[PDB]
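**Q** With the hints as extra help, turn the sequences into a complete structure.
The chain contents come next:
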Amino acid sequence: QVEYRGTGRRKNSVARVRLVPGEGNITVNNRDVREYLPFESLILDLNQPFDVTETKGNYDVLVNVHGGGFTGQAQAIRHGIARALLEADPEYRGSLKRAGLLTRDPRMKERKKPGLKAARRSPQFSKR
Amino acid sequence: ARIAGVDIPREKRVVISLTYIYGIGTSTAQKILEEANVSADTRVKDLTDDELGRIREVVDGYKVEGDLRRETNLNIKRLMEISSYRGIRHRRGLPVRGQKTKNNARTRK
Amino acid sequence: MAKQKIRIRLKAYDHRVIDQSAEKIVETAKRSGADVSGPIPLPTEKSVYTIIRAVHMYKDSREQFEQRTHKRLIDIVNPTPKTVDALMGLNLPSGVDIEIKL
Amino acid sequence: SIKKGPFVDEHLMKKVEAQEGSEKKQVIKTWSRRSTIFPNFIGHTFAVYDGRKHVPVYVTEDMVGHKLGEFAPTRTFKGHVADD
Amino acid sequence: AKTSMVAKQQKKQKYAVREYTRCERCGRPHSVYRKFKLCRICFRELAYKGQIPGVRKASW
Amino acid sequence: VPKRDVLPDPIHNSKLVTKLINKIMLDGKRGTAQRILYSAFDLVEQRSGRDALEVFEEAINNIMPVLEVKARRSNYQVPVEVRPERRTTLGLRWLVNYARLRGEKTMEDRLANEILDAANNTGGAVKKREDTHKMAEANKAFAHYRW
RNA sequence: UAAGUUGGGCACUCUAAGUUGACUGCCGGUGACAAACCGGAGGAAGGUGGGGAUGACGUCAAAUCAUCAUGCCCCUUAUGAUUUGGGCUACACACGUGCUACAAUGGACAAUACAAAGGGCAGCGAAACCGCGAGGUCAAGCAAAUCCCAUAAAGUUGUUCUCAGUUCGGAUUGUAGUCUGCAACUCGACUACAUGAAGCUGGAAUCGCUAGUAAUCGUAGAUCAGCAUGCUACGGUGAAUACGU
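Chains as they are written, first to last, in UniProt numbering: chain A, 5 to 132; chain B, 2 to 110; chain C, 1 to 102; chain D, 4 to 87; chain E, 2 to 61; chain F, 7 to 79, 83 to 156.
Think of the hints as simulated: they come from the structure by calculation, not from any bench.
The beta-carbon is built from N, C-alpha and C at its ideal position, and this holds for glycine as well.
Where chain B lies over chain D, by a calculated footprint (3+ residues, C-beta under 8 angstroms):
| hint | stretch |
| --- | --- |
| 1 | 57-67 |
| 2 | 71-77 |
Short derived list, chain E residues pointing at chain C, Cβ under 8 angstroms:
| hint | residue |
| --- | --- |
| 3 | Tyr34 |
| 4 | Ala48 |
| 5 | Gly55 |
| 6 | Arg57 |
**A** In C-alpha cells, the structure reads:
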C-alpha cells in the first residue's frame with residue numbers, strides 16, 4: 005500500500021503520524037484512543053479535521069507520541085493530519101486554511117521572573 | 002457498654018466506631034479488626050454477639066483505657082518534678098525540642 | 001555494537017571554535033584514513049546562577065548567568081598510528097577540551 | 004536521638020570515676036553539654052555552665068526522662084514582663 | 002572582625018567540619034558557590050571583566 | 007477584546023454546554039466538571055421525563071435577562090440592553106451561582122433541581138432576573154435620553 | 001528481544017551549526033498624492049510576532065564605611081586576639097509576608113497513562129534482601145544524550161464514606177524509633193503509635209491578574225557535617241470577562 009507521514013508539534017510534545025487509508029481506526033502507541041485520553045469525550049474534536057477535510061472519511065491511523073500532558077499531544081495529531089492530507093492532495097488546503105488546523109500554534113509557557121514563586125502568583129503590596 | 006471499652010455509637014461502621022475510644026486512632030483499629038475477623042460492615046452496626054465476645058476479649062491486648070491518661074499525667078508530673086527545664090517549657094507550648102514562640106499564643110492559650 | 005573504533009569527545013565554550021576544531025580534526029582523520037564519523041552534536045549542557053543586583057538589600061532585582069557547554073562526538077574506525085598522530089597533534093586553539101580514547 | 008549509642012563526655016567519666024569510687028563530692032566543675040545522666044551518675048552534684056555561672060545540681064534517682072543536658076535556662080526571667 | 006577569621010578558616014580544626022567556605026579575596030562568607038569559591042559580588046563583577054569562562058547574558 | 011469562542015463540545019451535541027463547563031472547572035479540573043454536567047443532564051432527563059435540550063433551552067430562556075442597568079456620573086444608573094454573548098454569560102453565571110447557593114450534597118441533583126425549577130418559571134435565578142427587571146425598566150426615566 | 005536489546009537502518013523524531021523566513025512585504029480602499037490607517041491574500045508566523053537582556057540627562061544629600069577600597073577622627077597591654085559554653089530562636093501582644101484547613105468538584109483505599117529541565121566522583125546509590133515505617137545490609141552501573149536521582153503529581157477506572165467539628169481538619173503532647181554530626185538539652189530533620197484543637201469561607205478595609213495568564217498540580221537545583229511553607233528554575237493542567245473612557 006501507500007503511507008503518508010507528517011509530524012505534529014504542540015505544547016512541548018512531539019507526534020509521529022502514520023496515516024494509511026482504510027475504514028478508519030486509531031491506536032495510539034499500540035493502544036486505543038479511549039485507552040489513552042482521560043476521561044475523555046473530546047476525540048470528536050480530533051475528528052473535526054475529518055469532518056471539514058476529507059468529508060466524511062476515513063483513514064486508518066497509527067501514532068507514537070511522548071512528552072507533555074495529554075491535552076497538548078492529543079491536539080498535536082491534527083497538524084500531522086493536515087500535513088498528510090495536503091500531501092495527499094492540495095485541494096484540501098483551501099478547506100483547511102479557512103478553519104486553521106494546519107498552523108501549528110506558536111504559543112507555549114513563559115519563563116518566570118521575580119514576582120512569581122512555587123505557584124504562578126504575582127506579589128502583593130504593603131497595606132496599612 | 003457497649004461493644005468494647007466505652008463510648009461506642011450505635012449503628013456505625015467499625016473502622017470509625019473503634020476510634021472514639023481513647024487509645025486507638027486509625028491503624029491499630031484495622032490491625033485488631035484483622036485479628037478479630039470483623040467488618041464495618043459497610044456503615045451500620047452489624048456486630049453480632051458471637052463476635053462481640055471475641056472483640057471484647059481481644060481489645061484487652063492494648064493498654065487502651067483511662068490508664069493512658071494516668072500515665073501521661075504521671076509522665077508530665079515527673080518531668081516537671083526535678084525542677085526540670087522541660088517541666089518549665091511544658092507550660093509555654095514548648096516541646097522537648099522547642100517551637101520559637103513569638104506567635105505561639107493562639108493554639109495553646 | 002562490536003567493532004574496531006576510536007572515539008573522542010570534545011568540549012569548549014564557543015560553537016565556532018568547537019565546530020572549526022571538529023572540522024579540522026575530521027579533515028586530518030580522513031586524511032590519514034577513512035570512514036570517519038562526522039561532528040555529531042550533543043545536547044550542549046548549560047548552567048545557571050541566580051544573583052541579586054545589589055550590595056546590601058533589594059533581592060527583588062535579581063539577575064541571571066549561565067555557562068553554556070558545547071559537547072562534540074567524533075568516531076574513527078580502522079585505526080592506524082597515522083590517525084593517532086592526526087588526533088594528538090593538532091588541537092589548536094587551546095580553549096577546546098579534548099580527551100583521546102579508543 | 005542516637006542509636007549509635009550513648010555519648011557521655013569521657014572527660015566527665017575520668018573525673019567522676021575517681022569521684023565515685025571513694026567518697027563523692029557535693030560540688031563539681033564541668034561544662035556538661037556532650038553527655039547525659041546514666042545509672043552510674045547518681046548521687047553527685049554536677050554543675051552545667053548555664054553561660055554566666057555554673058549552678059551545681061544534685062543528682063537524683065528519678066531523672067530518667069530528664070537528663071544532665073540542661074536544668075538552669077539562659078532565658079532566665081523571661082525574657083518578658085508577663086508569665087506563662 | 003574579619004582579619005583573624007582568615008586564619009580561623011585556614012588553620013586545622015578539632016574535627017571534620019567546623020569550617021565554612023568563604024571567598025579568598027572577599028571576606029564575605031555568605032552567598033558563595035563551591036564551583037568557584039568566590040562570593041556574590043566579586044564573581045558578578047569579574048563576570049563583567051570577561052575573565053571567567055562562561056557568560057552573564059542570561060535571558061534563558 | 008474579541009471573544010475567541012470555543013467551538014465543539016458534542017457532549018451532548020450543543021454549544022452552550024461548551025461555555026458552561028468552563029465555569030464549573032474551579033482550579034482547572036475540566037474532567038470533573040464534564041462528568042458532573044453529564045450526570046446532571048442525564049438525571050434531568052431521567053426525572054420528569056423530557057429531553058435535555060428542551061429543559062435546558064427553555065430554562066436559560068426563563069433566566070436570561072434582556073434589560074440590565076449600569077451606573078455612571083450624583084448617583085444615576087442607565088438601563089442598557091444586553092449583548093447576546095453577555096446575555097448568555099450572565100444567565101449561566103447566575104445559574105451556577107444560585108446552584109452553588111442551593112447547597113445540596115449531590116454531584117448532579119442540585120443542577121437538575123435548579124434547571125427543572127427554572128423550567129417552572131420559578132427559582133433563585135428567576136428571582137434574580139425578576140429583581141433586576143424590577144429595579145430596571147421602572148427607573149428608565151432619567152438615563153433613557155443617553156447612550 | 002522483557003526491552004531498541006542487537007543486525008542493520010538515519011526515513012521520522014531528536015540533537016547543534018549555518019542559512020531561508022516576517023522587513024508595510026504585496027494588493028484594494030482611506031488619507032495633503034506623504035506619513036500613516038483599514039481590509040485581503042499568502043505564509044508556520046502581519047503591522048516593535050511572544051518573551052527576556054538592556055533603565056536617558058537627572059530626582060529621592062535614597063542605601064551601603066558591615067563585601068571591598070578609602071579621606072578625616074578614635075582604640076591598642078585593648079574598641080585588637082584565642083578558646084568553652086550561652087545567644088542571635090526569649091515572650092503579654094501588634095503588623096507584614098506565606099503555608100495548611102474550615103470537605104461533597106469532597107475523605108480513605110485499590111488499579112492505572114501522560115513531562116520538561118537540572119544534578120551527580122570520591123558524588124549518583126541499581127537490583128536483591130530486611131523492616132509497618134523513617135531507613136539498614138549489599139554492591140552493579142555511573143566524570144555522563146549511556147547509569148542514578150526519578151513513581152512524575154494533578155489526573156482516569158473502581159469501592160466506600162452520605163453532611164456531622166464529620167474516616168473533616170492535623171494543631172498540640174507523650175511514647176517508641178531513623179539519619180547526620182563527637183553532642184540534636186536551651187536549637188536539626190524524619191517515621192510509627194497515642195490526642196485530635198481552633199476552624200463550617202470571613203467585616204471595615206484591601207491585593208493581583210487581559211490567554212497558556214490567573215487558578216491549580218507536581219519536579220529539580222543552589223546554599224548544604226545534617227536542616228527551605230523561602231528563592232531560583234522546569235514542566236502539567238487551565239478558563240471567565242475587557243460594554244466603554
